[PDB]
Amino acid sequence: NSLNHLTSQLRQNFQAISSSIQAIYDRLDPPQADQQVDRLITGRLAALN
Amino acid sequence: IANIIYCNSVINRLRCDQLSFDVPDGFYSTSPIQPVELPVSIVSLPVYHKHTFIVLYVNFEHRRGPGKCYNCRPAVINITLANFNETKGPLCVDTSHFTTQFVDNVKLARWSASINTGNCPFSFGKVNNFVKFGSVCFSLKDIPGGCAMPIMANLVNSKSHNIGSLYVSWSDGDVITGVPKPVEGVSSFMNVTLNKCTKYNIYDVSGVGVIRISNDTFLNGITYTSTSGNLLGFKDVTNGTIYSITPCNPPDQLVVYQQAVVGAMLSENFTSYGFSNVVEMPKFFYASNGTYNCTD
Amino acid sequence: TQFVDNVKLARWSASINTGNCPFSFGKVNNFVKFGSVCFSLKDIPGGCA
Amino acid sequence: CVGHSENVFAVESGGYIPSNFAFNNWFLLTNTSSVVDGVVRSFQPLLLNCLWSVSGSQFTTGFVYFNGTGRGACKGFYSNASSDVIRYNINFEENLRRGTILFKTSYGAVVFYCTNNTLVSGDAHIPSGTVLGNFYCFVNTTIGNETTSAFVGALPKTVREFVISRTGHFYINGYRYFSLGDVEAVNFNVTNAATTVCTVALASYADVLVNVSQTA
Amino acid sequence: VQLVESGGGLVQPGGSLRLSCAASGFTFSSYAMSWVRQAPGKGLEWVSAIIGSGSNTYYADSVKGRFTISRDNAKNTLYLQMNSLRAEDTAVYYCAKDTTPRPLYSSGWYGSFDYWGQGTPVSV
Amino acid sequence: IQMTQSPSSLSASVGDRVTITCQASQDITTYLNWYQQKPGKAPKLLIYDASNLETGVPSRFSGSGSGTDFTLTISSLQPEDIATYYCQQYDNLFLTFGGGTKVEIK
Ligand SMILES: *[C@@H]1O[C@H](CO)[C@@H](O[C@@H]2O[C@H](CO)[C@@H](O[C@@H]3O[C@H](CO[C@H]4O[C@H](CO)[C@@H](O)[C@H](O)[C@@H]4O)[C@@H](O)[C@H](O[C@H]4O[C@H](CO)[C@@H](O)[C@H](O)[C@@H]4O)[C@@H]3O)[C@H](O)[C@H]2NC(C)=O)[C@H](O)[C@H]1NC(C)=O
Ligand SMILES: *[C@@H]1O[C@H](CO)[C@@H](O[C@@H]2O[C@H](CO)[C@@H](O[C@@H]3O[C@H](CO)[C@@H](O)[C@H](O)[C@@H]3O)[C@H](O)[C@H]2NC(C)=O)[C@H](O)[C@H]1NC(C)=O
Ligand SMILES: *[C@@H]1O[C@H](CO)[C@@H](O[C@@H]2O[C@H](CO)[C@@H](O[C@@H]3O[C@H](CO)[C@@H](O)[C@H](O)[C@@H]3O)[C@H](O)[C@H]2NC(C)=O)[C@H](O)[C@H]1NC(C)=O
Ligand SMILES: *[C@@H]1O[C@H](CO)[C@@H](O[C@@H]2O[C@H](CO)[C@@H](O[C@@H]3O[C@H](CO)[C@@H](O)[C@H](O)[C@@H]3O)[C@H](O)[C@H]2NC(C)=O)[C@H](O)[C@H]1NC(C)=O
Ligand SMILES: *[C@@H]1O[C@H](CO)[C@@H](O[C@@H]2O[C@H](CO)[C@@H](O)[C@H](O)[C@H]2NC(C)=O)[C@H](O)[C@H]1NC(C)=O
Ligand SMILES: *[C@@H]1O[C@H](CO)[C@@H](O)[C@H](O)[C@H]1NC(C)=O
Ligand SMILES: *[C@@H]1O[C@H](CO)[C@@H](O)[C@H](O)[C@H]1NC(C)=O
Ligand SMILES: *[C@@H]1O[C@H](CO)[C@@H](O)[C@H](O)[C@H]1NC(C)=O
Ligand SMILES: *[C@@H]1O[C@H](CO)[C@@H](O)[C@H](O)[C@H]1NC(C)=O
Ligand SMILES: *[C@@H]1O[C@H](CO)[C@@H](O)[C@H](O)[C@H]1NC(C)=O
Ligand SMILES: *[C@@H]1O[C@H](CO)[C@@H](O)[C@H](O)[C@H]1NC(C)=O
Ligand SMILES: *[C@@H]1O[C@H](CO)[C@@H](O)[C@H](O)[C@H]1NC(C)=O
Ligand SMILES: *[C@@H]1O[C@H](CO)[C@@H](O)[C@H](O)[C@H]1NC(C)=O
Ligand SMILES: *[C@@H]1O[C@H](CO)[C@@H](O)[C@H](O)[C@H]1NC(C)=O
Ligand SMILES: *[C@@H]1O[C@H](CO)[C@@H](O)[C@H](O)[C@H]1NC(C)=O
Ligand SMILES: *[C@@H]1O[C@H](CO)[C@@H](O)[C@H](O)[C@H]1NC(C)=O
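Protein chains in written order, with the working numbering: chain A, 1 to 49; chain B, 1001 to 1296; chain C, 2001 to 2049; chain D, 3001 to 3216; chain E, 4001 to 4124; chain F, 5001 to 5106.
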C-alpha cells in the first residue's frame, strides 16, 4: 500500500503541462521550462514526505 | 572563511551533497554522471503522410535618407507567413505531419531576428519535437483565445526592439504532429541504436535510456509501461521482436567507514570507483579493495 | 510614475486599475525591480492591460 | 473452434462468457499502452450477442452486418440487439497478407488490402522512408462510381485476431491501428478461407474486471 | 577567438584531401563559417560557407559539386572535403567567422567576416 | 556580380589624404565591407556596412557611398597603413571580392 501510493504520485501533472520532465524540455525554452519543472519538484518532494 | 574542501574526489563529492564535513558510517546512494554524446532514436507508425511547411520570414531595413543612423529602431518591417492571406483567414495546418521554419532575411550586419515564447505553452522552434495537436492555426493578426509569440530585432551588445508578433491557436489531440524535417533518405519509421545511452522518441513517448533485445514474446500491444508511466519496452511491427528500455545511470550504493569509501554495491560487472576487485553476490555485484582474509 | 487628472468638470474624476498586471501603476514607486519596462497606448504583445 | 470442442462455447443467458474459458486469442483492446501483469477495470466488448463457428461449418459466412443480418448459426444464447464490435478470431500465426477485407458504408464500398507489388496499389501518395522489399497496406474507397486509393500503413507478419467497431476502429492483436470512419458491414474474404477464420462474434461494450497475465 | 587549420600538403590531381579548422573562445554554433583561398598572385576567392546549424550549404560555381563542406558543433570544428583536385586549387585557405549571431533555429544571411585563421596552404 | 577596384596600385606619403574607390556593377544599396591585408598574414575587417568603424580599428578611416559606386578614404597616411586592401559585397549569397589594391610608400 505504501509503495503503490508513492509510485502513483509520479503520474500527477501537479498543474503542469505534463508529468514527464523530458516532455517539458522538448516543448519549451529553458527559461520557461524551469518554471514548469519546479511544479513537479515541489509536488514530488511532498509525496516523499 | 575558516576552511574549504574541493568536490573533486569520490569521498569529497559525497560530503558536498551531504552538506557536511563529516559523513557518518553507513550506506549512501549515488548516481553516475550521464554521457553527453546522446544519439537520437525514433520509432513511429507509418500512416497517411502529408507534410506542411510553416515558414516565417522576417526582414527589415533602416530608412534610407540623409541620416545614416544605425542604433535606431528599424523603420521598415516586412513579415510574411508563407501562404498566409488575411482575407482567407488564419493558416491552419490540415495534414498529419508538419514543421516550422524561421528564415531571417535581414542582410544588415550585426542585426538579427528572434522569436520569443511569450504566453504560449510551446516555443515556435520546439514544435518540431513530436508535439501533438488536435488542430493548430497560425496568423499575423490577433486570434481570439489564442497566444502571441513576440518577434524581436537584436543588435550586438545593444538593446533589442519588438517588431511584431505571431499569433497561434491550438487544441489538444493526436491528429497533427510536428516532425523535424523530411530528409531525403532517412527511414524515420525505425532507426534506433543499441547498447548505448540514447535519447528516444518511441511511439510518441520521449525519454533517455538504453535499448536492447529481449526474448519476451508478448502478443498484445506495441508499447509496455510501468505504474509510474515510464516506458519499459516496445514492439517492432515489421519484425515482431520486442525491445526493452533501461535507464542510463541507475543508482548505486557506497559504503563509508572512518571518513573513507571502502566499497560499492553495483548492478554491473565493472570495477567502478577505482576499486581493483569485484565479487559476485546473490543479488548485486560488490566492488572493493578488500583481500577477503578478514573475519570481523 | 505620475498620474495627472486634467479634467475640470465637477463631480468627475479619473482612475486607473491593476487589471491583469502583476503590479499597480501607483505602487511601482515602492522600489520595484525590473530588467526592462515599457508603456504604450496601443496593445503590446505578451504584456498586460 | 478447433480443439477441446470448447474453444467455441455456448453463450450463457444474457451474453456472458463462461467462467472457465481459456480466452485463447481473445485480447484486451487498448488505444495506447498495454498492461503486462495486474488487475484492471475497463469497458470491453465482451458481452456477446451471437457467437458462431466458421471452420467446419461449411456456411462460409460471407458478409456480416452490425445488426443481425448475415449472422451464422449462433451457438447458445443469442439476441436481435444491435452490436458495436465484430470479432474475427484468426488461428495460429495465420496472416491476412494474401487476401482482402471488404466494407460497406453509407457512401459506397471500401476495400482494405496489403501488398508487395506496386502494380496492385495503383497510386501511392509519397510512401517515403519505407523498406521497398516488404508489404504495405492501402485502401480503396469507391464513392459510388468514383474509385480512390490511399495509403494506410503496415500490419504485423502474423495476426491472431481481428476486431472492427461500427465507428471504424480497426484493432489488430489488441491494438488500434487505423480509423476507417463509420462502417455498416464487413467481409473477411481472404484465400484459405474457412480455415483462416475460426470463430466470429458480435459483441457489445460491458463493464468488466480482467486478470491480465503476460498481456493475455 | 582563435582559429587554427590543418591538413595541408601535396596531393596528385583527382585524389582527395581532408582539410580541417578548429575554433575556440566563442559560441561556435551561433556563427556561420566560411572557407576562402588566395591563389598565388591573385586576390581572395570564396570557396564555401555553412550555416551555424549546418542545415544550409552553399558553394561557388567552380567549387560546386567538387567539394563538400561540413561542420561538427559538438567539438567546435569546421571540416572540408577536397575531391577531384585540379591544378588551380594550389593556394592558401582561410576559415572565417561571421559577425552576426543567429539563433540555432534560424537560417540567415552572411558575408561580414571579422576573425580569420592563420592559413593552411595546399599544393597539386 | 562583378566588382572592380581602381587603381590597382598607388603610392602616397605620410600625411596624404589617400582615397580608394571600387565599383559594383549592380545596386548593392549599402552592403559592402572593407578589409586590411598585411602580406604574410590573414586579412582583418576595417569597415562594415560601408560606413561603420569596427571597434578594433583606429578612427582615421572613413567610407561612404550608395548604389553602385562606393568609396573608402583615409584621413592621413600613417607608417603602418602600407598593406593590401579589398572590398567585398554581401548583397548575394554568392558574394564576390574586388580586384584588390596595393598601396605604397613615398
Ligand atoms: C479508443 O478511443 C475511442 C475514442 O474515445 C473509444 O471510442 C469510444 O468508446 C466509448 C466506449 O465506452 C463509446 O461510448 C459508448 O457509446 C456506446 C454507444 O453510444 C452511442 O449510441 C447510443 C445509442 O445506442 C447513443 O445514445 C449515444 O449517444 C452514442 O451515440 C454506449 O453503449 C456506451 O454507453 C454505455 O456506457 C455509458 C458509460 O457512461 C453508460 O452511461 C450507458 O448507459 C451505457 O451503458 C458509451 O456511451 C464512445 O461513443 C466511443 N467514441 C468514439 C468517438 O468512437 C474507443 O472505445 C477506445 N478504445 C479503447 C479500447 O479504449
Ligand atoms: C517581403 O519579403 C518577402 C520575402 O518572401 C517578399 O516576397 C518575395 O518576393 C520576391 C520578389 O517578388 C519573390 O521572388 C520571386 O517570386 C517569383 C514568383 O513566384 C519567382 O518566379 C522567382 O523565382 C522569385 O522567387 C518571392 O518568391 C517572394 N516570396 C514570398 C514567400 O512571397 C515580399 O515581396 C517582400 N515585400 C516587400 C514589400 O518588400
Ligand atoms: C439491418 O440493416 C441492413 C443494412 O445493412 C438491411 O439490409 C438491407 O436493407 C434494405 C432496406 O430496405 C432492404 O432493402 C430492400 O432491398 C431490395 C433490393 O433487393 C428491394 O427489393 C426492396 O425495395 C428494399 O429496398 C434490404 O432488404 C436489406 N438487405 C438485406 C440483405 O436484407 C437489413 O435488412 C437490416 N435488417 C434489419 C434487422 O434491420
Ligand atoms: C490471474 O491469472 C494468473 C495466471 O493464470 C493466476 O496465476 C496462476 O494461479 C494458479 C493458481 O494459484 C497457479 O497455479 C498453481 O501453481 C503452483 C506452482 O506451480 C502449483 O503448486 C499449484 O498447484 C497451482 O498449479 C499458477 O501457477 C499461477 N500462474 C502464474 C503465472 O503465476 C492468478 O492466480 C490469477 N488471479 C486471479 C485473482 O484470478
Ligand atoms: C485500388 O485502386 C487502384 C486505383 O484504381 C487500382 O489500381 C488499378 O489497378 C488496375 C489493375 O488492378 C490497373 O489496370 C489500373 O490502371 C489501376 N488504376 C489506376 C488509376 O492506375 C487497384 O488495383 C485497386 N486495388 C484493389 C485491390 O481493388
Ligand atoms: C487574399 O485572398 C483573396 C481571396 O483569394 C485575394 O483576392 C487577395 O488578392 C489576396 N491578397 C493577398 C495579399 O494575397
Ligand atoms: C538513422 O539516423 C541517423 C541520423 O544521423 C542516420 O545517420 C542513419 O543513417 C539513420 N539510419 C537509418 C537506417 O535510417
Ligand atoms: C530467454 O527467455 C527465458 C524465459 O523467459 C529467460 O529466463 C532468459 O533469461 C532469456 N535469456 C536469453 C539469453 O535471452
Ligand atoms: C529486426 O529489424 C531490424 C531492422 O528493422 C533488423 O536489423 C533485424 O535484423 C530484424 N530482425 C529480425 C529477426 O527480423
Ligand atoms: C565478472 O567479471 C569478471 C572480470 O571480467 C569475470 O571474470 C567474471 O566471470 C564475471 N562474472 C559474471 C557473473 O559476470
Ligand atoms: C585500491 O587499490 C588501488 C591499487 O591500484 C588504488 O589505486 C586505489 O586508489 C585503492 N583505493 C582505495 C579506496 O583505497
Ligand atoms: C590472513 O590472515 C592471517 C591471520 O591474521 C595472516 O597471518 C595471514 O598472513 C593472512 N593471509 C593468508 C594468505 O593467510
Ligand atoms: C430474432 O428475430 C427473428 C426474426 O423476427 C425471430 O424469428 C427470432 O425469434 C428473434 N429472436 C429473439 C431471441 O428475440
Ligand atoms: C517485394 O518488393 C520488393 C521491392 O524491392 C521486391 O524486390 C520483391 O521481389 C517483392 N517480393 C515478393 C516476395 O513479392
Ligand atoms: C464512373 O465510371 C465512368 C466509367 O467510364 C468514369 O468515366 C467516371 O469518371 C466515373 N465517375 C464518377 C464521378 O462516379
Ligand atoms: C473472394 O475471394 C476470392 C479469392 O481471393 C476472389 O476470387 C473473389 O473475387 C472474392 N470475391 C469477393 C466478392 O470479394
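These aren't lab readings, by the way, just hints derived from the structure by calculation. Please note that the accuracy of each hint is not assured.
Over the 12 Å line for every Cβ pair with chain E, so calculated as not near, a few chain B residues [claimed, not checked]:
id: 1; residue: 1014
id: 2; residue: 1037
id: 3; residue: 1041
id: 4; residue: 1063
id: 5; residue: 1065
id: 6; residue: 1088
id: 7; residue: 1101
id: 8; residue: 1102
id: 9; residue: 1110
id: 10; residue: 1111
id: 11; residue: 1124
id: 12; residue: 1154
id: 13; residue: 1164
id: 14; residue: 1225
id: 15; residue: 1241
id: 16; residue: 1256
Each computed BS3-like pair below joins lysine-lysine, with the alpha-carbon atoms no more than 30 Å apart [what the hints assert, rightly or not]:
id: 17; chain 1: B; residue 1: 1050; chain 2: D; residue 2: 3157
id: 18; chain 1: B; residue 1: 1126; chain 2: B; residue 2: 1141
id: 19; chain 1: F; residue 1: 5106; chain 2: E; residue 2: 4097
id: 20; chain 1: B; residue 1: 1196; chain 2: B; residue 2: 1141
id: 21; chain 1: D; residue 1: 3157; chain 2: B; residue 2: 1132
Backbone N, C-alpha and C define an ideal beta-carbon position, used for all residues, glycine too.
Original post:
Of the numbered hints stated previously, which ones are contradicted by the structure, given in increasing order?
Top reply: Hints 2, 7, 8, 9, 10, 11, 12, 19 and 20 contradicted; others consistent.
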